[PDB]
Structures are given as C-alpha cells and as structure tokens.
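J.: Below, each chain spelled out in residue letters.
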Amino acid sequence: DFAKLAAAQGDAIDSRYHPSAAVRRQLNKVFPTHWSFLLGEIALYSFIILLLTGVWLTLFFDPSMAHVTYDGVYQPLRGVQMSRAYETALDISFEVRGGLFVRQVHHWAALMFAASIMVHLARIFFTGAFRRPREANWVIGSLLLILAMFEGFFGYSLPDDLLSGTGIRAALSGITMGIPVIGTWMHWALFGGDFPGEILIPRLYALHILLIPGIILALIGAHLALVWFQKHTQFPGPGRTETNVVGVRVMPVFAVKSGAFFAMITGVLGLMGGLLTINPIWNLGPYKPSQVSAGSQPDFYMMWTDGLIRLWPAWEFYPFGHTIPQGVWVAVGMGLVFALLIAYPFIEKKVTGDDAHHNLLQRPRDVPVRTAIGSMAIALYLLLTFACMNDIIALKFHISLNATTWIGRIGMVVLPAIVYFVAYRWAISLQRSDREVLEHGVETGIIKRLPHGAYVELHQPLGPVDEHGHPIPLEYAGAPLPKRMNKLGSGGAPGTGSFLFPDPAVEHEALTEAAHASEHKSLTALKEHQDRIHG
Amino acid sequence: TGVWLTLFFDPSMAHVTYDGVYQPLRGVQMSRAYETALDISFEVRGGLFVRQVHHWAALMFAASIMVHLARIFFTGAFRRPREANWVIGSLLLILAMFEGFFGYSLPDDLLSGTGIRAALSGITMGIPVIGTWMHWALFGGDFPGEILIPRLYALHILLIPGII
Amino acid sequence: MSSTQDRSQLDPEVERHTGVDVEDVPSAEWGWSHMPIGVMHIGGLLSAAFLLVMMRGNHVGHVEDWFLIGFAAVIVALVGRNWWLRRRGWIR
Amino acid sequence: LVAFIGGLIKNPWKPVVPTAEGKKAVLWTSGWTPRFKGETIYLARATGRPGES
Amino acid sequence: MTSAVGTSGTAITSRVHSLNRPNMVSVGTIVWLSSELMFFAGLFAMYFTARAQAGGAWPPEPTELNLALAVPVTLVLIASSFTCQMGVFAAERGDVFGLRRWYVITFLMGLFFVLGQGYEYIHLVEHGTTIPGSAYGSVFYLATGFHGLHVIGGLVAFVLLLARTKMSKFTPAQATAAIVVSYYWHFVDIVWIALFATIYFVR
Amino acid sequence: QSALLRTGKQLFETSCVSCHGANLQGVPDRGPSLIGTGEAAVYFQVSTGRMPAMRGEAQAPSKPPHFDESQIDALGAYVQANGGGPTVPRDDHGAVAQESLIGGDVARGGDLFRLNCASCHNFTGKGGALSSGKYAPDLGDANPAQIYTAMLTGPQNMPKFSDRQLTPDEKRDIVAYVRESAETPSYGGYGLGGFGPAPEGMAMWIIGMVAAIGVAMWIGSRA
Ligand SMILES: CC(C)=CCC/C(C)=C/CC/C(C)=C\CC/C(C)=C/CC/C(C)=C/CC/C(C)=C/CC/C(C)=C\CC/C(C)=C/CC/C(C)=C/CC1=C(C)C(=O)c2ccccc2C1=O
Ligand SMILES: CCCCCCCCCCCCCCCC(=O)O[C@H](COC(=O)CCCCCCC[C@@H](C)CCCCCCCCC)COP(=O)(O)O[C@H]1[C@H](O)[C@H](O)[C@H](O)[C@@H](O)[C@@H]1O
Ligand SMILES: CCCCCCCCCCCCCCCC(=O)O[C@H](COC(=O)CCCCCCC[C@@H](C)CCCCCCCCC)COP(=O)(O)O[C@H]1[C@H](O)[C@H](O)[C@H](O)[C@@H](O)[C@@H]1O
Ligand SMILES: CCCCCCCCCCCCCCCC(=O)O[C@H](COC(=O)CCCCCCC[C@@H](C)CCCCCCCCC)COP(=O)(O)O[C@H]1[C@H](O)[C@H](O)[C@H](O)[C@@H](O)[C@@H]1O
Ligand code: HEM
Ligand code: HEM
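So the protein lines, in turn, are chains B, N, D, A, G and C.
Residue numbering for the first sequence follows the authors' numbering, starting at 4 and increasing by one per position.
Residue numbering for the second sequence follows the authors' numbering, starting at 56 and increasing by one per position.
Under the authors' numbering, the residues of the third sequence are numbered 1 to 13, 22 to 100, in order.
Residue numbering for the fourth sequence follows the authors' numbering, starting at 212 and increasing by one per position.
Residue numbering for the fifth sequence follows the authors' numbering, starting at 1 and increasing by one per position.
Residue numbering for the sixth sequence follows the authors' numbering, starting at 72 and increasing by one per position.
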C-alpha cells in the first residue's frame with residue numbers, strides 16, 4: 004500500500020493531465036557540474052529565505068510615523084518619542100519568541116542575497132556567460148541587481164533607526180533634491196511632504212513587501228526560465244562541444260545537490276543569524292533629525308553609492324539663479340554605472356565583433372582585456388566601498404580621515420589603471436603558464452642525468468610522447484589543464500580502512516580496483532564520445 | 056488599482072486627530088489607517104475614484120467567481136479531467152472571500168470594524184478548545200489589539216494575494 | 001597520467025586578422041584580447057587631467073596638491089614614455 | 212498614466228507654511244522663521260527628558 | 001598519456017633520499033627548532049630577570065601557584081611525548097593506521113594539556129594575578145602562555161598532518177613529515193620540561 | 072592639605088614643566104596653559120593616562136596611567152590651587168566617586184548621549200573618526216568618573232559640556248547610559264563592533280560568503 008498507491012496516484016495524474024512528456028523533458032535536462040554554476044543559486048536560495056523570513060516579518064511590523072512613547076520592555080528606550088515603525092521593530096526584536104533571530108537571519112539573508120548577486124555577476128562576467136544567446140538574460144539579471152539594491156535599501160530603512168534614517172536623509176533625500184530640473188518634484192512626490200513626511204515609511208513598506216519583490220520574483224521567474232529552456236552554458240573541456248551540455252541530469256543527482264545546497268545555504272544563514280548580531284536597532288535610536296552616529300554608512304551593496312558621495316570632490320555649478328549641487332553627479336554616476344552594467348554585452352559586441360552564438364564559456368584568463376576591464380570594475384567597487392567605511396577605517400586603522408578619503412579620491416582614478424595593468428598582464432601570464440604545460444610536461448621532482456652533472460625537472464607529459472625527452476605538444480582547448488601530478492592519478496591511494504583501523508587487504512584490493520576501473524571507464528566513455536563528435 | 060492604494064495607505068492603530076480637510080471629522084480620535092484612508096479619499100488627485108474602482112473591482116471579482124462557479128458547476132466542468140481545477144478554484148474563492156474581508160476592514164471604518172468584531176473576533180473566540188488561543192494569536196491582544204490592521208495589511212497586499 | 005585530451009571547436013573570431029598575434033598573447037582567438045592602445049593612452053592622460061582638475065574644490069591643505077601633481081606627473085610620464093616608445097618603435 | 216502619477220505629484224512651491232512675509236513654501240522656511248514680526252524664538256536646548264518640559 | 005615520464009612511487013618524493021643521504025626536512029626542522037629555542041631564550045631572559053628584582057617572598061600574594069594541577073598536565077604531556085614517539089615508530093614501519101592512532105591520542109592529550117593550561121589560567125586569574133596586575137603574573141602569563149601558543153600550533157600541525165594522511169598514499173616523504181612534526185612536538189615538551197622545572201620547582 | 076599640594080608640585084616639576092612652564096603657564100607651541108582647567112581636568116587627563124605624553128601629534132591618544140589615585144588628588148589639587156575650575160566629584164569617603172555617579176535613569180541618558188554627543192563617538196560608545204588624524208576613542212575602557220570629567224572638561228576637540236550646559240543630573244544620567252551600553256552584551260549574537268553595516272558586510276564575505284562558495288565548490292566539481 005506504499006508502491007501500489009504510488010502507482011495508482013501516478014496513473015491518476017497521467018489520467019487527468021498528460022504531463023509525462025513535459026516531465027521527462029524536465030528531469031532529463033542536464034546541468035553541468037562546475038562549482039561556479041552553483042553561485043547564482045545562492046542568490047536564489049537566500050531569496051526564498053527572504054520570503055520565508057520576510058512574510059513572517061510582515062505580520063508583526065507596523066509602519067507609521069505617528070510618534071509613540073515606548074512603554075514596553077527595552078529599558079534604555081522608555082518614554083522616548085519613536086515612530087511606530089521603530090516601536091514595532093523593537094517589538095519584533097524583544098517581544099515575540101524567536102523574533103530577533105528571524106529578523107537577523109532576514110538581514111543576513113539580504114546580505115547573502117545582495118552579495119551572491121555580485122559574486123554571480125562576477126562569475127557570468129569573467130567567464131563570458133553574457134554574449135549573444137544570453138544577453139537579455141544579462142539585462143534582466145542586471146535589472147534584478149538594481150531592484151535588489153534599491154529594495155534592500157528600502158529594507159533596512161524600513162524601521163527608522165537613525166543610522167538608516169540618516170541614510171534616507173543622505174541618499175534618498177539629498178540626492179533626490181539634488182537633481183537639476185525635476186529633482187524637488189520627484190522628492191516631494193516620493194515623500195508627500197518634507198523629509199519626515201508621514202507617508203514615507205508606509206510607502207517603503209508598500210514598495211518593499213510586494214511592489215519591488217513582485218518585480219524581483221517576476222524577473223527571477225523569467226530569469227530561471229531563460230536559464231532553463233534556453234540551455235545552460237558550460238566551460239569547454241573533454242567532451243564539451245558547442246552544441247551539447249554535459250553534466251548530471253536533474254532527477255537523480257542535480258535535484259539532490261540543489262536541495263542540499265539550499266539546505267546548506269539556509270544553514271550558513273541560520274548559524275550567522277544566530278551567532279552574529281545585525282542591525283541592532285535598540286542600540287541605535289529612533290530617527291530624530293538632530294542626532295547622528297559617526298559611522299552613518301549604508302549597507303555594503305550600497306556603500307559604493309555614498310562612498311562615491313564621500314569621494315566626489317565638491318564640484319557644484321551655479322547657473323543663472325539656480326544650483327546644481329554635488330548630489331547631481333552621483334545621480335548621474337549611479338545612472339552612469341548602471342547604464343554600463345545593463346548594456347555591457349552590446350558594448351563589447353560592438354567593440355569586439357562577437358556576432359556568434361556562443362555556448363561554451365571562455366576561461367577568464369583566455370580573455371585578458373575583458374577580465375581586466377572587469378577587474379577595473381571589481382577594484383573600483385572595492386575602492387568605493389573601502390572608502391565608504393572611510394570613517395571607521397580611519398578610526399581603527401589609525402589614518403587621518405582626510406588622508407584616507409584622499410586615498411580613495413585618488414584611488415578611484417589611479418587604482419583602476421593599476422589593476423587594469425596587473426589584471427591584463429596577469430591574465431596573459433596565466434595563459435602562458437598553461438601554455439607551457441603543453442609544450443613541456445607537468446612538473447615533478449628532480450632526477451640528475453646519469454653520466455654528467457645536470458638537473459632536469461622530470462616533466463610528465465599530458466599527451467602523446469615522441470621517442471625522446473619531448474612529447475607531442477598539445478593544442479589549447481579552453482580547459483583547465485592540471486599543473487600538479489598530484490591532481491593526476493599519482494599517489495592517490497591511501498589506506499581504505501578507517502581513520503583509525505584498517506580494513507582487510509582483499510577488501511582494499513577490491514575497492515581500489517573497482518574505483519580505478521570506474522574512473523578508467525569514465526574517461527574511456529568520455530574519450531569515445533569525444534571521438535564520436537570528431538571522426 | 057491596489058498597488059496604487061498601497062503607496063498611500065498607512066496602517067496603524069495609533070490614535071491621531073484628523074486636522075486635514077474633511078470637516079465632519081476634525082479633532083476626532085481616529086486610527087491612522089482610517090486617517091490615511093481619508094487621505095486617499097480626499098487629499099490625492101483622483102484618489103477616491105481609484106479606491107472606489109478598487110472596491111468595485113473587488114465586488115466584480117468576488118461576484119464573477121460565484122457566477123463562474125455556477126457556470127462550471129451547472130455545465131459539469133469539474134469531473135474526471137478537472138477536479139483538481141475545481142479544488143484550486145474553490146480554494147481561490149475562499150481566499151478571495153477572506154482577502155476581501157481583510158480588504159474593506161483594512162481602514163477601520165466602524166461599519167467594518169463592527170464586522171471584525173462580529174466575524175473575526177466573535178466567531179474566533181467562539182471556537183471550543185483552541186478558540187481564544189487563535190484569537191489572541193491573530194490579534195496579539197484584545198479586539199483593538201494594536202497589530203491587527205497591519206497584520207491584515209500584510210495578509211492583504213501580499214500574503215493572501217500571493218497565494219491567489 | 002589519468003587524463004584525457006581536450007578538443008574544443010569554438011566559433012573563432022574583426023575575424024582573426026587585426027588585433028594581437030597568437031604569439032604576443034598565447035590565446036588571442038579564444039576571446040577578446042586587445043584593447044586599442046590610443047584608448048589606454050588617452051585614458052591615462054585623461055586620468056591625470058582629472059587628478060589635476062581635483063585641485064578645484066573646498067581646499068586648504070596644499071600638502072595634497074603635491075600628491076595630485078605627483079600622481080599626475082607619474083601618469084603623464086608613463087603615458088608620454090609609452091607613446092614615445094611606440095613613436096620610435098620601442099627604442100631607449 | 213497621469214491617473215497613476217497624478218496622485219503623487221505635489222507642488223513643492225505651493226505656499227504652505229505661515230511666515231512673517233505671508234505664506235512661503237517649505238524649503239525657504241524652517242521653524243526658525245518668524246510668524247508675524249519679531250517674535251521671541253528661544254534657542255532652547257533639548258534636555259532629553261521623557262515628555263515633561 | 002603514454003605511460004609517464006616521471007615514473008616514481010608518487011608525485012611527492014622523500015626529500016632527497018634517506019639510505020645514504022640525510023633527510024632534508026629533518027635538518028630543516030632541526031635548525032628551526034634551534035631558532036625557536038632562542039625564542040624561548042628570549043622568554044627565559046624575560047623570566048630570570050624580574051625574579052632577581054622581587055626580593056623576600058617574591059612570588060606575590062595573589063599567586064597561589066597551583067602545582068597540584070600543574071604536575072598532572074606535565075605528566076600528561078611527557079607521557080604524550082612517548083605516545084608521539086611510538087607514533088613515529090609506527091611511521092618508520094609504513095602503516096598510516098599505527099601513525100594515526102598514536103597521533104590521535106597524542107593530539108587528544110595535547111589538547112588536554114592546552115585545556116588544563118587554560119583552566120589553570122582561568123583559576124589563576126579569577127582569584128589572583130592578571131597580565132597587567134603583576135610583574136611575576138605577567139611573566140608567568142607570557143613565558144608559559146606563548147608556550148601555549150607553541151603547543152596549540154603543534155596541535156594544528158597534528159590535525160593538519162592527520163588530514164594529510166587521510167588524503168594520500170603513505171610515501172617515505174610522509175614519514176619524513178611525520179618524524180618532523182614528531183620531534184617538533186618533542187621539542188615543545190622538552191621546553192615545557194624546562195619551563196616546569198623553572199616556574200614551579202626551581203622558582 | 073599643604074603636603075598634598077607639595078606632593079603635586081614634586082610630581083609636577085619632574086614630569087611636565089618642559090611643556091607647562093612650571094608656573095602652570097603654557098610653553099608656546101609646545102604645550103598649552105593649564106590654570107583654570109582644574110582637578111577634574113587633571114583627573115581625566117592623567118587618570119586615563121593621556122596627558123603625561125610624548126609628542127604633539129594629531130591627537131594625544133590613550134595610554135596606561137602614569138600616576139595612581141594616591142597622586143592624582145595631589146596633582147589635581149595642585150593645579151586647582153594654582154588655577155581653579157571644575158573639580159572631580161567625590162563621595163562620603165573623600166576619595167574619587169566612581170559608583171555613585173551612575174544615575175537612576177538610562178533612557179534619558181540614551182536620548183541625551185544620542186543627541187548631544189553620539190554624533191562623534193557611536194551609539195553604544197565605540198570610537199568615531201574626526202577631521203585631521205584625531206579620532207573619538209572607545210568608551211568601553213572608561214571609568215565613570217573619567218566619563219563625567221571627560222564631558223565636564225573637554226580635553227581635545229570635544230566641547231566641554233559644562234556644569235551649566237548639562238546639569239549634573241544629566242551628566243550622571245549619561246554616565247549611567249554609557250556604563251550600561253558599553254557593558255551590556257550584544258543581545259542576539261556576536262557584536263560585530265558596535266557600528267552596524269561595515270563589519271556586518273566584512274563578516275558576510277569572509278565568514279558567510281566564503282563558507283557559501285566553499286560549500287559550492289565542495290558540492291560542484293571543477294572543469
Ligand atoms: C564584474 C564587473 C563588475 C564587471 C561589470 C561591467 C562593468 C564594466 C560595469 C561598470 C562598472 C564600473 C564602471 C564601476 C564599478 C561599480 C560597481 C561594479 C558597482 C556594481 C555592483 C557589483 C556589480 C559589484 C561587483 C561584483 C563584486 C565586487 C564581486 C565580488 C568579488 C569576487 C570576484 C567574489 C569572491 C569574493 C569572496 C570569495 C569573498 C572574498 C573576501 C574579500 C575580502 C571580499 C571583498 C569585500 C567586498 C567585495 C565587499 O563588497 C565588502 C563590503 C563591505 C565590507 C567588506 C567587503 C569586502 O571585504
Ligand atoms: C589593503 C592594503 C591597502 C594599502 C594601501 C596603502 C595606501 C597607499 C599610500 C597612502 C599614503 C597616505 C599618506 C597620507 C599622509 C597624510 O596624512 O597626508 C594627508 C593627505 O595625504 C594623502 O592622503 C595623499 C596620499 C594619497 C595616496 C594615493 C593613493 C594611491 C592608491 C593606489 C592607494 C589606494 C589603496 C586602497 C585599497 C583598497 C582596496 C583595493 C583592492 C594630509 O591631510 P591631513 O593630514 O588631514 O592635514 C594636514 C594636517 O594633519 C597637518 O597637521 C598639517 O601639517 C597639514 O599637512 C595638513 O594638510
Ligand atoms: C513613472 C513614470 C514617470 C513619469 C513622469 C512624468 C509624468 C507626469 C504626469 C503628471 C502631471 C501632473 C499630474 C497632476 C498633478 C498636478 O496637478 O500638478 C500640480 C502642479 O504641478 C505641475 O503642474 C507640474 C507637472 C509636471 C510634473 C513634474 C513631476 C514629474 C516626475 C519626474 C515626478 C516623479 C514622479 C514619479 C516618481 C515617484 C516615485 C514614487 C514611488 C500639483 O499642484 P498641487 O497644489 O500640489 O496639487 C496636489 C495634487 O496634484 C496631488 O495629487 C494631491 O496629493 C495634493 O497634494 C495637491 O496638493
Ligand atoms: C557555542 C555556544 C553558543 C554561545 C553563543 C556564541 C555566540 C557569541 C555571542 C555570545 C556573547 C559574546 C558576545 C560578547 C559581546 C560582544 O559584543 O562581543 C564583544 C566584541 O569585542 C571584541 O571584538 C573582542 C572579541 C574577540 C574574539 C574574536 C573576535 C571574533 C572574530 C572571529 C569575528 C570575525 C569578524 C570578521 C573578520 C574580518 C576579516 C578581516 C580580514 C566582546 O565582548 P568584550 O570583549 O568582553 O567587551 C566589549 C569590547 O570587545 C568592545 O571593544 C567594547 O566596546 C564593548 O563592546 C565591550 O562590551
Ligand atoms: C527581495 C529580497 C529582499 C531583500 C534584499 C530584503 C531586505 C530587507 C532588509 C535588509 C531588511 C531589514 C531587516 C532589519 O535589519 O531589521 C528587511 C526588512 C523587512 N523585510 Fe525584506 N527584503 C527582501 C524581501 C522581502 C519580502 C519578499 C518580504 C515580505 C513578503 C519582506 C519583508 C520585510 C519586512 C516587513 C521588513 C521590515 C521589518 C524589519 O525590518 O524588522 N522582505 N528586508
Ligand atoms: C485578491 C483580490 C483583491 C481583493 C478582492 C481586494 C479587495 C479589497 C477591498 C474590498 C478593499 C477595500 C477598498 C475600500 O473600500 O476602500 C481593498 C483595499 C485595499 N487593497 Fe485590495 N483587494 C485585492 C487585492 C489587492 C492587491 C493585490 C493589493 C496591492 C498590491 C491591494 C491593495 C489594497 C490596499 C492597500 C487596500 C487598503 C486601502 C483602502 O482600502 O483604501 N489589494 N482591497
């Protein structure tokens with residue numbers, strides 16, 4: 004009554020619907036097993052956490068700006084005027100059982116979300132997963148990053164703790180007023196009044212439960228549909244031509260490791276949602292516009308923005324009776340970088356000439372100027388971030404505060420040039436380091452030559468050898484070639500027994516002969532498939 | 056309409072005096088849900104129209120669900136291929152009904168505040184074993200428990216319309 | 001020794025004529041591998057011009073303007089040396 | 212589209228706040244401005260007492 | 001492949017040879033042991049003055065210096081020296097399991113030494129001296145505490161070499177690694193015999 | 072006691088008169104004047120340790136104390152007899168009062184610390200950066216009498232929150248806040264500093280995201 008009822012309900016599902024065609028198409032789909040192809044899954048797998056916590060945070064949070072005295076449990080805030088957003092965020096922190104944990108693992112899931120989006124953008128950038136067939140997928144993923152950034156900024160500003168209330172005052176109301184023609188108009192449309200306009204926090208709650216995460220969920224749905232139906236890309240390797248995806252199928256293997264990786268991402272978020280404090284809004288105060296911190300720094304995925312405020316050197320213009328302030332520039336500048344980050348595949352489609360349907364990836368050493376432009380962007384992000392904690396860097400690492408913001412202000416101009424030089428020539432030297440492992444072998448320990456005194460490194464060749472001390476030099480194929488005989492089948496047979504006690508020797512012989520024959524069968528089947536493609 | 060109504064409505068039960076434009080409610084204690092629903096009605100340009108066409112769209116929604124249930128019932132559109140479609144449509148009717156009830160109770164106008172007192176708090180207390188417990192879990196307190204209207208706003212923007 | 005060969009037929013491509029030869033960079037057909045060099049010359053020169061424009065601001069510490077002159081003169085010296093060596097064909 | 216946006220678009224330069232000159236807009240008006248003529252606007256501190264004075 | 005050109009027992013080789021050739025990681029860790037002995041000479045000279053200074057009953061009044069918890073953990077550590085030497089006897093004769101059993105129990109009672117020294121530090125700071133509290137308390141906390149860092153680094157070497165025995169075939173190079181970590185840690189607990197004679201017995 | 076003034080003078084002559092001129096004056100462009108600052112100022116500036124200092128830099132930082140409580144009273148009464156100003160609050164034993172200074176309220180101290188000064192330091196009293204090399208220090212290693220005499224006579228770049236700017240009820244109230252904000256544990260995990268999002272970012276990357284990418288490279292292979 005456990006397999007018979009499964010067969011009966013399966014024939015019922017096949018009777019009502021006719022799914023088995025469009026289920027077999029799904030659970031025979033192959034995803035490749037490279038590790039970096041899990042990175043964007045983190046941006047999925049934390050995002051579901053952001054719903055599963057976040058829904059829970061919706062049914063306790065009360066947005067308002069109606070000024071209430073606390074009269075609750077938290078003693079250093081009693082009788083103090085606070086917005087009811089902050090009061091019920093304090094109630095999430097201290098009243099409800101396991102409430103501080105759910106809101107902390109929610110904030111940590113937001114950090115892992117907006118950081119894994121950046122890690123995965125680094126993946127699909129430097130591996131070249133964005134040219135011709137997947138450029139719209141880059142565009143909707145880039146827009147998904149923009150919505151992630153703005154929506155998280157609506158997130159930690161949603162209680163008006165004053166560390167983020169001054170973040171609204173800096174970013175969302177100083178830059179918004181600082182836009183030339185229609186700046187004040189979109190400010191007073193966004194707030195409905197002055198800066199503590201009484202319908203800001205509920206408007207952010209409206210945009211932040213549903214209105215931006217509805218668009219984020221729609222773009223993730225269409226995004227994973229573009230990854231799903233239009234097949235996944237892959238690195239080139241042994242049996243990996245342009246028009247096939249090699250790897251594991253969905254049903255026995257990929258579903259198990261994907262669900263287990265969802266569970267381990269949730270484990271990392273839960274461990275660091277418990278063991279590490281985040282946004283301690285009771286240590287912070289209610290937002291009152293006459294008191295600040297010293298840090299006053301945003302969350303890290305937006306620290307490149309007002310760090311760009313912290314580094315742009317006070318250039319204001321004054322036309323005939325008006326004022327362009329500094330905040331126009333970064334309102335241009337954030338509009339600049341996004342217009343380079345959305346529209347990059349069309350930019351280098353124009354520059355390079357990549358008018359070809361690319362499915363195989365390119366290793367990020369194989370494309371040195373694009374990896375170097377990318378490392379310019381990575382190090383420029385790291386500079387604009389690492390000079391946004393300008394304050395606390397100059398605090399702890401004892402530097403003059405003026406000195407470290409000048410270090411940033413020169414660094415955003417000269418350090419992309421330095422990292423472009425180092426990145427371009429480092430990619431070319433990584434190419435040359437695995438283009439001499441083909442013309443020579445793989446390096447090992449030293450033998451001396453017998454009749455005279457020499458020292459050869461005793462290279463182990465990768466392909467066919469000639470009759471003498473040099474092999475037939477292979478051609479490059481976009482693959483990671485192994486540079487250690489370690490990573491080949493050399494000395495990789497320890498005792499199979501236990502960590503403390505050995506198994507009997509016939510069992511060791513059976514296990515190592517069976518595993519050796521299975522690995523031999525793996526490379527034999529992959530090699531004969533590779534010969535079937537060309538032959 | 057409803058997205059448009061989210062970015063003007065402020066749910067609360069913090070008691071505010073009106074001090075706005077509507078003259079027969081001035082200096083009267085009101086929840087801020089009711090105060091910003093009055094602001095949707097009278098402050099914003101074309102606001103009363105969008106919230107009214109929102110309520111009429113809710114009526115045409117929950118009435119056309121009943122008309123269409125009459126269609127697929129009496130025409131027999133629910134047997135062997137499509138009984139799961141009947142089940143998820145029926146659950147969709149249940150969520151439509153409960154979610155609209157969370158809807159017109161979301162401003163606490165007292166015509167629907169007494170609807171919360173009758174339906175959502177008299178029937179909820181009136182359940183034998185675990186009745187008072189699910190009442191005090193749903194409200195967090197007494198009947199004007201200060202986290203009812205934001206919980207209905209939470210269930211009513213996203214949490215029930217996400218399932219819908 | 002427990003490895004197979006690797007063979008990848010890509011879509012190889022301007023189409024393999026103008027750019028960098030496959031002996032300057034060891035894999036030029038496998039991806040985009042040459043920025044045009046006037047772009048990086050004018051990028052360095054415009055970087056140094058931006059560092060020289062950065063004097064204009066709220067400013068009393070003139071110990072910084074010597075860093076701006078220094079990091080601008082280093083970039084102008086590198087760009088000028090690099091352009092002069094390509095004007096003479098990498099000589100002296 | 213204007214029915215979407217028209218509920219949002221407020222004029223920041225509608226004269227709202229009463230001032231000594233008359234009704235000025237909000238950006239040219241803090242709470243430091245006089246309401247009718249020279250009135251005593253005391254530079255009072257905020258002793259952070261919970262509510263009473 | 002054809003067969004290989006580096007047809008050896010592993011990708012790792014011994015370090016040169018050890019039948020008519022000295023082992024080279026052996027002499028490397030011997031001279032680095034000698035350097036760390038000079039590091040302990042720096043710590044001993046920070047001890048043997050600031051004991052010529054304090055006169056009379058010189059270990060000060062809050063330092064009820066516990067010997068009844070000191071001499072059991074020294075006895076644990078120097079019996080663990082013989083467990084580690086039995087591990088290298090089972091490393092010369094080439095079985096990973098005789099290595100791993102004796103190094104697991106050597107790591108366990110070396111961890112017991114580290115936890116006993118940590119409990120001695122807790123029990124001697126909570127009703128006694130602190131490192132800004134005394135001269136003798138500070139030199140006691142640094143002359144044996146950075147020895148605690150030496151033995152916790154030796155424990156890191158034990159767990160690290162045990163994972164290394166998990167991941168590869170037991171070569172003579174790995175017996176070289178085992179004998180090197182073996183008498184690094186033998187140096188650690190001969191320096192601790194020197195420190196335990198110095199601090200507690202000789203004073 | 073006049074012998075206590077003499078003890079203050081004996082310690083004064085042999086520690087500072089290279090930078091205070093031995094008539095309690097200011098040695099010009101080497102050390103400022105010292106009269107009028109008083110016993111409270113000398114208690115905070117030597118009991119913390121700071122002013123028996125060694126260079127004139129961006130700001131003279133914290134250090135171990137160069138004199139003890141049996142001598143700070145001598146040195147502060149000597150500077151108050153030569154000058155005269157704010158004095159350190161003392162209990163019914165004549166010693167420096169350090170526990171009777173924590174006020175009976177914290178939330179008023181929270182709002183008043185937060186308004187009046189937590190711009191400079193932090194919310195819980197961690198450090199904050201200042202303009203040209205100078206910086207606010209952490210308030211964790213701060214004796215409550217040093218906190219009262221820190222705000223009472225402002226040493227370096229901080230305003231002297233006087234006896235009339237903040238009343239002693241308010242100052243006892245602020246030192247009630249900071250000795251139970253830099254002392255209370257971080258509710259709900261490790262306190263990544265006191266200031267929020269930059270340590271939370273850096274501990275997202277190398278603790279959380281490095282572990283996430285390590286799991287992702289243990290699960291998936293590489294090719
Ligand atoms: C890939 C690249 C961005 C190319 C895009 C195309 C480019 C031309 C578009 C224009 C961009 C240019 C003009 C301006 C730069 C602005 C910038 C790109 C803003 C967009 C946001 C986003 C795309 C940022 C870039 C992606 C991000 C930096 C990738 C992460 C770095 C790497 C590759 C991932 C692995 C790192 C992982 C293993 C952890 C290692 C630990 C290291 C120390 C982390 C570094 C680090 C980081 C990255 C923090 O953000 C951070 C924030 C707060 C505190 C501390 C840290 C911190 O230590
Ligand atoms: C992870 C490792 C990172 C290592 C990075 C190491 C940093 C490189 C060198 C930095 C040199 C810093 C020297 C600063 C010394 C200094 O204090 O000078 C100040 C201002 O100088 C300056 O900042 C100019 C120097 C700018 C440096 C150029 C930047 C180079 C780039 C490439 C480095 C960026 C690295 C960022 C890393 C991020 C990660 C990237 C992957 C003067 O202003 P100030 O002191 O406040 O005022 C004065 C009164 O104090 C005083 O009494 C009175 O007398 C007057 O002088 C008055 O003006
Ligand atoms: C997303 C698409 C973006 C498209 C933007 C361009 C489309 C513009 C269409 C709107 C046209 C005007 C609609 C009617 C408006 C009208 O009649 O305009 C009067 C005086 O303006 C004017 O002539 C100037 C009109 C020029 C428009 C300038 C603003 C354009 C954009 C850039 C602003 C951004 C908006 C979207 C971003 C915000 C994001 C939100 C999440 C207001 O005087 P006021 O006295 O404040 O009356 C108040 C009642 O309006 C008000 O509803 C009522 O609430 C009362 O407050 C009442 O006081
Ligand atoms: C296992 C069973 C479950 C038990 C729960 C385990 C979860 C931990 C929470 C339990 C309570 C512990 C938190 C204590 C309460 C607490 O907040 O933790 C403070 C933070 O202090 C410090 O840092 C010193 C701590 C040093 C320890 C090691 C540091 C942690 C590292 C590993 C974090 C990694 C971050 C990423 C590195 C970035 C990479 C860079 C390349 C330490 O308090 P304390 O030392 O006594 O005094 C404070 C003064 O530090 C403070 O300057 C003073 O201002 C006051 O706050 C005072 O109270
Ligand atoms: C799209 C991805 C999301 C991100 C990056 C994000 C980010 C954040 C962040 C950083 C906070 C501040 C948490 C704190 O420090 O207390 C927050 C709060 C919140 N989140 Fe989200 N969120 C996301 C989606 C959602 C969703 C889908 C929901 C509900 C269905 C939700 C509900 C909430 C609520 C109600 C709050 C405010 C309560 C509080 O902050 O204590 N979030 N969010
Ligand atoms: C699932 C179908 C829905 C139904 C049947 C429904 C029903 C209602 C009803 C009857 C009201 C009361 C209107 C009034 O008399 O003022 C209401 C209000 C509201 N609706 Fe919905 N609604 C639905 C979906 C949504 C969605 C999807 C959103 C937002 C994305 C939304 C946003 C709102 C808001 C914020 C209010 C309160 C503002 C006000 O009542 O003035 N509704 N809803």
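Rather than coming from a laboratory, the hints here were simulated on the basis of the structure.
C-beta: ideal position from N, C-alpha, C; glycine also.
Take the hints with a grain of salt, since some may be wrong.
Said to hold, decoys possible - Quick list of the computed label-pair ranges, beta carbon to beta carbon: (1) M189/N with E319/B: 38 to 46 Å; (2) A124/C with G69/D: 19 to 27 Å; (3) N66/D with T255/C: 21 to 29 Å; (4) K166/G with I219/N: 34 to 42 Å; (5) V227/A with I45/D: 57 to 65 Å; (6) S501/B with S145/N: 56 to 64 Å.
Claimed, not checked - Pairs of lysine to any residue, SDA-like flavour, derived with a Cα cap of 20 Å: (7) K260/B with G285/C; (8) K486/B with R438/B; (9) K399/B with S133/C; (10) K352/B with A125/B; (11) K169/G with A90/G; (12) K169/G with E510/B; (13) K80/C with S133/C; (14) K486/B with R101/G; (15) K80/C with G107/C; (16) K490/B with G448/B; (17) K169/G with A192/B; (18) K231/C with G155/C; (19) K221/A with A192/B; (20) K221/A with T187/B; (21) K490/B with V5/G; (22) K486/B with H462/B; (23) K225/A with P183/B; (24) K486/B with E510/B; (25) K166/G with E64/G; (26) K221/A with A496/B; (27) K231/C with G285/C; (28) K166/G with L514/B; (29) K352/B with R95/D; (30) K490/B with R164/G; (31) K490/B with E510/B; (32) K234/B with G27/D.
J.: Mind listing which of the numbered hints don't hold for this structure, in increasing order?
T.: Hints 1, 3, 4, 13, 14, 17, 24, 25, 26, 27, 29, 31 and 32 are the ones this structure does not satisfy, whereas the remaining hints hold.
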